[PDB]
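Next up: just one chain, as structure tokens, the form solved without adenosine-5'-diphosphate.
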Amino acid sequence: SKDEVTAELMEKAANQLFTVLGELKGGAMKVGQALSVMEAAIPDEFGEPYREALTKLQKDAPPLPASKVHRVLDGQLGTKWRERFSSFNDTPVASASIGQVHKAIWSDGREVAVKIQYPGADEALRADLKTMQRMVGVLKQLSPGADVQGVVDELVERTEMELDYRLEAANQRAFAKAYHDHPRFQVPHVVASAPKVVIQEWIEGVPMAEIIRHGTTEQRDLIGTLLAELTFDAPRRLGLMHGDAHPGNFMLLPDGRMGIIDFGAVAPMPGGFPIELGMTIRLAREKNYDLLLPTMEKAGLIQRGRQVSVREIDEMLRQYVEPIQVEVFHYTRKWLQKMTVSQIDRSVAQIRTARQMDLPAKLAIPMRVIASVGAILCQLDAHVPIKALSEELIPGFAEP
């Protein structure tokens, strides 16, 4: 096809762009130059231990043979692991990030998904982490003006999240407890958890990706509205956001509930959804700039002590304001595209953005999640009563 190609070309362009972003905002030199420095400044002897580790992963390429699945299970649940099951299907039904998923029946008769990590994944990912740590050290010491603050911590955190299934299992447990018997959301219970094996209740539904491709209008509207609701309900209900969203995370169940099956990106929100956001959107809708600008500055949504353009503020907030100006908003790719085109031509005026590029965490986290969700709503072509959801669930949005 000519579309596979275009998709991969877009992926390529995005990675190129992010590499350039890293060069300009982080590494303080081009990646090739940095690489030359790194190769000079990192011992040759570290090369082979790196390579070997990657190799143990390349071996036994997906899917894993039955024997090795069984070996991982031996390692995590003990050599008598079969006693935990009524039956186990050796043929995987799906692939995961660094493992594969099997369908099985638990000893209590419940159907379960069993995620098995690939045996070579731990060593490979930790070797990769070590290499990137060394490289960060090289940049910090030898690349003038490099900003690598928080980078090693982020790498360690991501690596640990990929390698230890128990973390996501705990997130999922919090959610499964919160949404037990909920009329609209279904979270499968964690049946067992180990670093390299995690087992949860099996649920059958229509994948959101399928609805995005071929869904009926009603399927699209329903699962989109459910996702929108989850987004604001979760921090209100249990002080967590489900986090960075991807259609693989969700499904539409026969009874009209949305199944949520992945919890790797759960984000902390102890105080709930910050009131400043809903407040800002309400004031912006009303074009009450006299109150809007101080509210935003106090919140840290715009830079302090600056001359700002209300036109730029409007542009900044329109993607949040336009959907709640009608009872039911039609989230479309066309609209999102319109939201990407700037109102202020820079040849007309050379202003410095009022936008906050150092958002406070409590704002940055939900805003990022919301961006991913909104993009998904547009892919769904979903009609969503976001106005009513916002009034009901988002602090500060309803007229006081």
Given for the second form:
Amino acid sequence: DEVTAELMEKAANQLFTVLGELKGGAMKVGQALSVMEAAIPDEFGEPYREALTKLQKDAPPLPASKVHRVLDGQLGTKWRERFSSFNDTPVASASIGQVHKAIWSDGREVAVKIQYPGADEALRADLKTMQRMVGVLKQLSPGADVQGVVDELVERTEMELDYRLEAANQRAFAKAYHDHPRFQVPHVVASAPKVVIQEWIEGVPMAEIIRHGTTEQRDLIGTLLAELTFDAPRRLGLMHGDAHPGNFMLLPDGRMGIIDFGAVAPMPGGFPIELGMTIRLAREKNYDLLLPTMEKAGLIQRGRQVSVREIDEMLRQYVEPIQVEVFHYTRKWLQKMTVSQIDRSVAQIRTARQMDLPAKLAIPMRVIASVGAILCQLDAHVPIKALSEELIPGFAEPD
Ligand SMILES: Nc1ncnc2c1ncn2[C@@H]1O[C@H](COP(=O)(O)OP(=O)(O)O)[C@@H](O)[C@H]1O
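What would the structure be for the form solved in complex with adenosine-5'-diphosphate, rather than the form solved without adenosine-5'-diphosphate?
Expanding to the full complex; the earlier chain stays at the top.
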């Protein structure tokens, strides 16, 4: 079964590659590769290689010496004076680094994330190569759509390489949720490009609860995640962003610990009222008001004949959970949500779905999808109706 997971991963990557070919590159990846190899000097090949195998140089956990060297580079050669103690043996792995447990000079236990020394050069060389390739596509692939791709690559790369960015996001959240009854965000103790230090917290990882959690653990951490999702933009005008179980844990006192803030998305105006409004109107099947609301919001394409059945299908995954007091998010239900209402053999229609959502709607809907999927993995019972009434603008009965 370990095989099947990787097979699914491979299938997903294949699909997204095909998506890139059809919606972006305007040619197959192999053909594009031939063009790129012709259109990019071989002289740029060997540096790109040499930039990439220092990262290959110490693949397993870094020996103490190299750890201390990174610390030298980021906090100075006297970095030890800032600690009470430091464990040379890493306790966890990060995407491009490793995490150590230590004790800060004030006596607080801390997690210290140390970036691999060869990560910066490698990732930036990779970025350069992909920039060149985008150039090749833009100039030589007829009908290619590479709009905004370079910017996305640069932004992603910088978010991975400069720890201070995520550190700043985390500071915002740590300030907002200090002494909160249900959420715990560790404070940032120190931040540098390649080293970031924060208060140590540990509980039961959400992944562990997904695998072997009790019903009560599942329900609780699920309900907490759901709450955070709508509370954060209301509280500090920010959304925690696309969720992953690795970001969260259940603490002994029943609070949810949150440790990853690399996907924080800006929402200055809070959650758009159009969303909650749309869900309420859809529950009531008030299509007369629902369709103009969705069109104005940009949730459906303007000036199109739309199918009410398709609208119902479109909003089903949002409507069904709030039709009950406590909804049981399950994989079974989520699977039912993928079963299309309209067979293409019955009727050939173009979808009413907006494939170019406004940003203000696109971001929260994406995060909500990720969260919902996680709730289904958790098999969590969640009072999403009440949470929506209290936290989501426009959802409660407007009387
Ligand atoms: N504040 C913290 N307290 C305890 N452990 C932490 C803390 N921050 C990170 N970790 C450990 O580090 C691991 C990865 O950290 P993470 O923030 O996900 O790094 P990255 O996002 O770069 O992968 C986590 O699985 C967790 O066990």
